[PDB]
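K.L.:
Next come the chains, spelled out residue by residue.
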Amino acid sequence: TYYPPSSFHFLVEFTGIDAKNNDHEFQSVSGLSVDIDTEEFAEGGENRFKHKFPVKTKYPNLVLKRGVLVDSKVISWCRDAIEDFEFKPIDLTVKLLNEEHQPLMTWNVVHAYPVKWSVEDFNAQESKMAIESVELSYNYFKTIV
Amino acid sequence: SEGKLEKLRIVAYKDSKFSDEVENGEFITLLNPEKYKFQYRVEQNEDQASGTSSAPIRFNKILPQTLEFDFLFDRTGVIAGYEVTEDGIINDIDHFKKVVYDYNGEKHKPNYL
Amino acid sequence: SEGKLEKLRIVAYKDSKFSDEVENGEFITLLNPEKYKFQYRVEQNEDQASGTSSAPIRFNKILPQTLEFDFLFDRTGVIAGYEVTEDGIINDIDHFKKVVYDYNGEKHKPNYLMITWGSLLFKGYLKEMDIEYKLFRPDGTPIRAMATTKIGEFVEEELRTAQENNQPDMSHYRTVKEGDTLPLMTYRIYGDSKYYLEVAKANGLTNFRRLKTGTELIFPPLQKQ
Amino acid sequence: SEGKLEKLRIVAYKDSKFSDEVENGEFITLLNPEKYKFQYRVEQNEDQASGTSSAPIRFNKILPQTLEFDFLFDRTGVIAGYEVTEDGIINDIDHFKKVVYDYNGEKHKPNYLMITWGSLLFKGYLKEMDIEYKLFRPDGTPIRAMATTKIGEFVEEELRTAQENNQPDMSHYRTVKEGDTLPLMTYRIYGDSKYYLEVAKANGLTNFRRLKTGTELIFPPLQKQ
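Residue numbers (the deposited numbering), protein chains in the order written: chain a, 3 to 147; chain N, 2 to 114; chain O, 2 to 168, 170 to 227; chain M, 2 to 168, 170 to 227.
Just so you know, these hints were derived from the structure itself, not from any lab.
Incorrect hints may have been included.
Said to hold, decoys possible - Think about it this way: if two alpha-carbon atoms lie no more than 25 Å apart in a straight line, the pair counts; the simulated BS3-like pairs of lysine-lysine are:
hint: 1; chain 1: O; residue 1: 196; chain 2: N; residue 2: 98
hint: 2; chain 1: O; residue 1: 151; chain 2: M; residue 2: 8
hint: 3; chain 1: M; residue 1: 196; chain 2: O; residue 2: 135
hint: 4; chain 1: O; residue 1: 110; chain 2: O; residue 2: 15
hint: 5; chain 1: M; residue 1: 151; chain 2: O; residue 2: 108
hint: 6; chain 1: O; residue 1: 124; chain 2: N; residue 2: 110
hint: 7; chain 1: O; residue 1: 151; chain 2: O; residue 2: 179
hint: 8; chain 1: O; residue 1: 18; chain 2: O; residue 2: 128
hint: 9; chain 1: O; residue 1: 108; chain 2: M; residue 2: 62
hint: 10; chain 1: O; residue 1: 110; chain 2: O; residue 2: 135
hint: 11; chain 1: M; residue 1: 5; chain 2: M; residue 2: 15
hint: 12; chain 1: O; residue 1: 135; chain 2: M; residue 2: 62
hint: 13; chain 1: O; residue 1: 99; chain 2: O; residue 2: 62
hint: 14; chain 1: M; residue 1: 36; chain 2: M; residue 2: 196
hint: 15; chain 1: N; residue 1: 98; chain 2: O; residue 2: 110
hint: 16; chain 1: O; residue 1: 110; chain 2: a; residue 2: 54
hint: 17; chain 1: M; residue 1: 110; chain 2: O; residue 2: 15
hint: 18; chain 1: O; residue 1: 18; chain 2: O; residue 2: 135
hint: 19; chain 1: O; residue 1: 99; chain 2: O; residue 2: 15
hint: 20; chain 1: O; residue 1: 38; chain 2: O; residue 2: 124
hint: 21; chain 1: N; residue 1: 36; chain 2: O; residue 2: 38
hint: 22; chain 1: a; residue 1: 67; chain 2: a; residue 2: 144
hint: 23; chain 1: O; residue 1: 5; chain 2: a; residue 2: 144
hint: 24; chain 1: a; residue 1: 54; chain 2: N; residue 2: 18
hint: 25; chain 1: O; residue 1: 110; chain 2: M; residue 2: 99
hint: 26; chain 1: N; residue 1: 108; chain 2: O; residue 2: 62
hint: 27; chain 1: N; residue 1: 99; chain 2: N; residue 2: 18
hint: 28; chain 1: M; residue 1: 135; chain 2: O; residue 2: 128
hint: 29; chain 1: O; residue 1: 128; chain 2: M; residue 2: 8
hint: 30; chain 1: O; residue 1: 15; chain 2: a; residue 2: 60
hint: 31; chain 1: O; residue 1: 62; chain 2: O; residue 2: 5
hint: 32; chain 1: M; residue 1: 151; chain 2: M; residue 2: 8
hint: 33; chain 1: N; residue 1: 98; chain 2: N; residue 2: 108
hint: 34; chain 1: a; residue 1: 60; chain 2: a; residue 2: 130
hint: 35; chain 1: M; residue 1: 196; chain 2: M; residue 2: 8
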């Protein structure tokens, strides 16, 4: 913009999971990008370049981090998939906020489910917070702005 | 016209002297093949008797030749010079098969190429 | 309805004209194949004598066509639009086999098949099938499987002669344009210039060495016995 | 009992109707296979004459089916629920071979097999087997082995004709609905419209060109000699 916005003020909301204020707060969000797979072809007589063709649109997994929370609803949802193969996909909204705490821009993440859950190593000789990490697979996203 | 990129063509014919064209029987490609390949074979007769150290080699025949190549059809819209069509590649493949494959009831055979 | 994702269908038929449907004989897939493939073969006769440098190539036959594709069955619960079933993929595979594989006692054979998806329309017979079972519930109910298929091509014999409109055996007519001569036109119709006096007698022509440029002529076929 | 992990079983039988069990002839595995695979083949006759563009495809036969899977035997002591045995896997493999491979002097052949796991139920014969021995105790007692298996399919001949309910040879009845004509119904039952005067005589019809819409007709078969 004339002065572009910073990246440290944002909100993560879930649809299909009971809401709690402690499940909307995160330390970091990553994975909001996309790419197109292509193929190459050489045409006889054309020596200046090879041709390139698109094939598929590709998205990476969405990664969320925060300090450990013991009564999380999101984690209970993750456990049902992890332990029993019960899968029930959800939708999600990522919001980048302005100074009035209203959205500048949002991302609509469609049909997501859990593929990973972990907690970082313990160390008796270091002063650190216990950090939890969750990774989700999804089909695509759209933006609103 | 040195600077012109020439495109490969295939024409169908009615007679064995290649002078009478099939009507609407010409195909022009939109992308050239990368390469092409030929094959040549000569056959000899190699009978010999037992106890000998070499055979008398006799010429027998020259066998027919062979050509091979590959094609690509694409109407996605990233190749300069062409337009996207409502039906894609449906009419390109149907015209290509009518020239090189289909049986002709006037001559009781497929076409000369 | 451009925006609709069309799904591949297979219907079973009772007769060789494809007009009498088998009751409850239609299969619709839930996931489309990635690709499909065709095969075309033409056979020639290539005998030659010794001492020569090339052979006279004679047309012999056009061989039947072939179609191949792969399928995936899955009822795990991550694909949008579908539900998880109590018995998984058991009824999906049993209905697929009843359409394409099973023997029909009314006709003493398996079924005629029509395969349609978008631009594709193919009639024929099943030749080969392989089914591999991949995931299971703890009580042994399958929830994922993969199938490979090969289809042959069927043409009824009355339709083959109508598509091969086989024509010195039939009758013909032309109109005379300026620049035409009678022995050159006879060569292009019969393969020989020597029949020009029989064409002129069948049309009542006396001055055949000069044709007038609006005349319609007939060209009779040659006699057979 | 949804939560129970079911294990694959194989039982041996004495008769071709699968009702008389071999005594001590049941095998139960300790580890399930990962997957299994089926195979289906249909054969056609494809002779054609030279000069033609397509062949008339005739049904010939349906070939027998095939099942394949792999097994693992292990008594090392890291799998929960089982104990380490003094002789390892010696009695597990010897009982497995007695069921599926060994010749039975009462019937002068190997055994009939029924294979059941969850949704799967298969009857037939063993064709092929390979067993490879992997780990050993220091005195030469084996504790791990891998087996690959191929099973054919068996149908008794009295049951084949009941499954192929083969039907111009049998009798038939229909009820007349509005819109029916006698020569169109004769074509769909016999394959030819010309038998309409024999159908009308066998039913006592005089005004057959107008049928009343509640009548039940009979359709006799054609005579054979």
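K.L.:
Are the hints correct? Go through all of them and say.
P.N.:
Each hint, compared with the structure:
1. O:196 to N:98: 37 Å, violated
2. O:151 to M:8: 34 Å, violated
3. M:196 to O:135: 55 Å, violated
4. O:110 to O:15: 10 Å, holds
5. M:151 to O:108: 33 Å, violated
6. O:124 to N:110: 24 Å, holds
7. O:151 to O:179: 54 Å, violated
8. O:18 to O:128: 20 Å, holds
9. O:108 to M:62: Between residue 108 of chain O and residue 62 of chain M the Cα gap is close to 14 Å, so the pair holds against 25 Å.
10. O:110 to O:135: 31 Å, violated
11. M:5 to M:15: Violated, at roughly 31 Å.
12. O:135 to M:62: 30 Å, violated
13. O:99 to O:62: 34 Å, violated
14. M:36 to M:196: 56 Å, violated
15. N:98 to O:110: Violated, because 33 Å separates the two Cα atoms, which is more than 25 Å.
16. O:110 to a:54: Not OK: residue 110 of chain O and residue 54 of chain a at ~49 Å, beyond 25 Å, violated.
17. M:110 to O:15: 43 Å, violated
18. O:18 to O:135: 39 Å, violated
19. O:99 to O:15: 14 Å, holds
20. O:38 to O:124: Distance of about 15 Å is within 25 Å: holds.
21. N:36 to O:38: This hinted pair holds, its Cα atoms lying about 23 Å apart.
22. a:67 to a:144: 22 Å, holds
23. O:5 to a:144: 20 Å, holds
24. a:54 to N:18: 42 Å, violated
25. O:110 to M:99: Answer violated: residue 110 of chain O to residue 99 of chain M is near 40 Å, above 25 Å.
26. N:108 to O:62: It holds: about 14 Å lies between the C-alpha atoms, which stays within 25 Å.
27. N:99 to N:18: Since the Cα atoms of residue 99 of chain N and residue 18 of chain N sit roughly 21 Å apart, the hinted pair holds (cutoff 25 Å).
28. M:135 to O:128: 40 Å, violated
29. O:128 to M:8: 34 Å, violated
30. O:15 to a:60: 45 Å, violated
31. O:62 to O:5: 42 Å, violated
32. M:151 to M:8: Holds - the C-alpha atoms of residue 8 of chain M and residue 151 of chain M are around 19 Å apart, at most 25 Å.
33. N:98 to N:108: 17 Å, holds
34. a:60 to a:130: 36 Å, violated
35. M:196 to M:8: Not OK: residue 196 of chain M and residue 8 of chain M at ~61 Å, beyond 25 Å, violated.
Checked against the numbered hints listed earlier, the structure breaks hints 1, 2, 3, 5, 7, 10, 11, 12, 13, 14, 15, 16, 17, 18, 24, 25, 28, 29, 30, 31, 34, 35; every other hint is satisfied.
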